[PDB]
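**Q** The chain contents come next:
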Amino acid sequence: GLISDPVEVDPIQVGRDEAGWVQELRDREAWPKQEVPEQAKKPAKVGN
Amino acid sequence: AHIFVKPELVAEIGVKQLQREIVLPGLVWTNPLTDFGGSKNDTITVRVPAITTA
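Read top to bottom, the protein sequences are chains W and Z. Using this note's numbering, the first residue of the first sequence is number 1, and each one after it goes up by one. Using this note's numbering, the first residue of the second sequence is number 101, and each one after it goes up by one.
Note that these hints are calculated values from the structure, not bench results. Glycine included, each C-beta is placed from N, C-alpha and C at the ideal position. Each hint should be verified, as a subset may be incorrect.
[Stated by the list, open to error] Calculated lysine to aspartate or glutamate pairs in the EDC-like style (CA-CA distance at most 20 Å, straight line):
(1) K42/W with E29/W
(2) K42/W with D5/W
(3) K106/Z with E18/W
(4) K45/W with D135/Z
[As the list claims (entries may be wrong)] Some chain Z residues well away from chain W (every beta-carbon gap over 10 Å; in silico):
(5) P107
(6) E108
(7) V110
(8) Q119
(9) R120
(10) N131
(11) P132
(12) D135
(13) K140
(14) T143
(15) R147
(16) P149
(17) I151
(18) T152
(19) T153
(20) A154
Full structure from sequences and hints, please.
**A** Next comes the structure, spelled out in structure tokens:
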């Protein structure tokens with residue numbers, strides 16, 4: 001593209017989201033307390 | 101975009117599976133009887149003495 005073009009999607013960010021190890025948390029200011037997100041309770045991987 | 105070849109790094113930070121402390125083996129009568137060889141059926145018979153009534 002061009003230098004003046006808007007910033008494109010980083011492949012590192014795509015892979016980071018694919019791995020799914022970015023911490024998601026319950027909304028602190030929500031009432032009643034939210035249920036735990038899916039990633040917050042995903043098991044540890046059997047290998048790597 | 102720019103593509104970079106990076107290694108996947110594996111670390112040890114002291115996070116292990118939490119696992120129980122062992123206390124029972126010292127609190128139980130261990131090995132009052134040993135000679136299980138030299139007894140038939142690997143059995144030692146313990147004798148409880150007799151008490152009578154008047």
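**Q** For a C-alpha distance cap of 20 Å, please report whether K42/W and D5/W respect it.
**A** violated (38 Å)
**Q** Confirm or reject the statement that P132/Z sits farther than 10 Å, beta carbon to beta carbon, from all of chain W.
**A** holds (45 Å)
**Q** Would you check whether the claim that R147/Z is not at the interface survives, using Cβ distances to chain W and the 10 Å cut-off?
**A** Consistent with the label, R147/Z stays out of reach of chain W, its closest Cβ about 55 Å off (over 10 Å).
**Q** In terms of Cβ atoms, is chain W entirely out of 10 Å range of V110/Z?
**A** Not fine: 7 Å to the nearest Cβ puts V110/Z too close to chain W.
**Q** Taking C-beta pairs only, is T143/Z more than 10 Å away from all of chain W?
**A** holds (45 Å)
**Q** Take a quick look at whether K45/W and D135/Z sit within 20 Å of each other, Cα to Cα.
**A** Distance of about 49 Å is beyond 20 Å: violated.
**Q** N131/Z clear of chain W by more than 10 Å, beta carbon to beta carbon?
**A** Non-interface label stands for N131/Z: nearest chain W Cβ at 40 Å, farther than 10 Å.
**Q** Against chain W, does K140/Z hold up as non-interface, every C-beta pair farther apart than 10 Å?
**A** holds (49 Å)
**Q** Can we trust that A154/Z is non-interface, i.e. its beta-carbon lies farther than 10 Å from all of chain W?
**A** holds (70 Å)
**Q** Against chain W, does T153/Z keep a CB gap of more than 10 Å to every residue?
**A** holds (65 Å)
**Q** Hey, is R120/Z genuinely clear of chain W, shortest beta carbon separation above 10 Å?
**A** Check passes; 19 Å lies beyond 10 Å.
**Q** Just want to verify: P107/Z was marked as not at the interface with chain W; is every Cβ pair farther apart than 10 Å?
**A** Non-interface label on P107/Z holds, nearest chain W Cβ at 12 Å vs cutoff 10 Å.
The earlier numbered hints that this structure contradicts are 1, 2, 4, 6 and 7.
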